[PDB]
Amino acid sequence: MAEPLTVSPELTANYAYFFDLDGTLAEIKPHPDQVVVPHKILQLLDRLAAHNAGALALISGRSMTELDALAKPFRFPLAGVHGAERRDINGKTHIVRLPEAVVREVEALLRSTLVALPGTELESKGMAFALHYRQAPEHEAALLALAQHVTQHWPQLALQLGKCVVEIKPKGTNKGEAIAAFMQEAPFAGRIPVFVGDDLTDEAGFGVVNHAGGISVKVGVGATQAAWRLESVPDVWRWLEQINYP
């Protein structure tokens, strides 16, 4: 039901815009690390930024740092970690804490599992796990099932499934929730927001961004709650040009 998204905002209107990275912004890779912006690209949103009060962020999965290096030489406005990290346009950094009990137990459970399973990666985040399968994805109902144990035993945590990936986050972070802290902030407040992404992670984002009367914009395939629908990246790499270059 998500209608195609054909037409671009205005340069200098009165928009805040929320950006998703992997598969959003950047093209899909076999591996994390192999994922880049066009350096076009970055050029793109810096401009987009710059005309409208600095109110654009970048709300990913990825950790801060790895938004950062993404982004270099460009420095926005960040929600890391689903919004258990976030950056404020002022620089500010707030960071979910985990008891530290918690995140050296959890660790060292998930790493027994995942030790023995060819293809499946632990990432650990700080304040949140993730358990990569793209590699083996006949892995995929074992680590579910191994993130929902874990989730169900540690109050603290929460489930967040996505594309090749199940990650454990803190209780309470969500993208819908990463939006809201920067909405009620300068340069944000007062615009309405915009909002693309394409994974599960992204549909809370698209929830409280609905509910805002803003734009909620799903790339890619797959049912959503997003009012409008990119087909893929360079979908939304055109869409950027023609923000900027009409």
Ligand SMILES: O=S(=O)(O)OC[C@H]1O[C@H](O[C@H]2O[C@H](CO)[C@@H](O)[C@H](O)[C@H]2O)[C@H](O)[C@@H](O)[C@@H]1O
Given for the second form:
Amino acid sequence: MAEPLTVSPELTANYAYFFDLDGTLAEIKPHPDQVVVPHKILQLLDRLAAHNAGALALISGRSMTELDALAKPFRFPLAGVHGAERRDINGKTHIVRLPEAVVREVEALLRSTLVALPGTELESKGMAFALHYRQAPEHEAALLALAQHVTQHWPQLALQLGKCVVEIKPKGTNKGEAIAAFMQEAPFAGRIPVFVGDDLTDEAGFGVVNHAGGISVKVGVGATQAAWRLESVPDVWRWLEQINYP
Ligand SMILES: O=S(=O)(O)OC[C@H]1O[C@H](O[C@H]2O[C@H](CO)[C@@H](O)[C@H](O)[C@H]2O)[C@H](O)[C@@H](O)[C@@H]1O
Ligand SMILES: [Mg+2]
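Please move on to the form solved in complex with the named molecule, as the form deposited without the named molecule is already shown.
What follows is the entire complex, opening with the chain shown before.
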């Protein structure tokens, strides 16, 4: 039901911008360290933010340290780990804390499965875990069942499926709540939210933005509750250059 996106905001309208990273601003790569957001795209994102009082944020599943590496030399307001990490316009961070016993126990369980299944990668994010299987898609059902068992035994953890990944996150964390936290703070408050995403984690953000009277944009293929659709990452790049230089 999503319609092709044909709104190109004027550079200085009353919008608040929210951008996913992987699959949205940078192309999918076999390993996260190979991902790059081109320098021109970052300048366009920085120029878009400056003309909208700084109301532009990156809402990603990655940790904030990885986002700062990808966005260097620019420093944006961020939401990391699907909302469990957030940094507002003043640089103040908001972090969800899990008990040290839970993180230590769940990593030991996952590591004992992931050493013996070739091609899978266990990513530790402090208060969350990502089970990558892009290089061995045969292991999808086993990893999904493994995370389901983890989230039933530790109720403080919740499941977050993604593209070639099965993630485990603190319960109550989602990109919709991360966007909500920004939308009550300056300079985002008072503006119309725009959110551009590509994966299942972004659906929670699409939902809140739709109800808020904003603009939700799905990137790529797949069913979505987002109202609008862009075909690929280069179409995000082209749209982003169209906002700046009509
Ligand atoms: O900003 S988000 O889109 O929310 O990112 C959400 C996820 O994005 C990254 O993983 C994705 O990108 C990789 C390289 O492109 C792919 O290899 C991988 O299969 C794909 O799942 C990170 O590693 C994850 O920790 C993160 O939670
Ligand atoms: Mg993505």
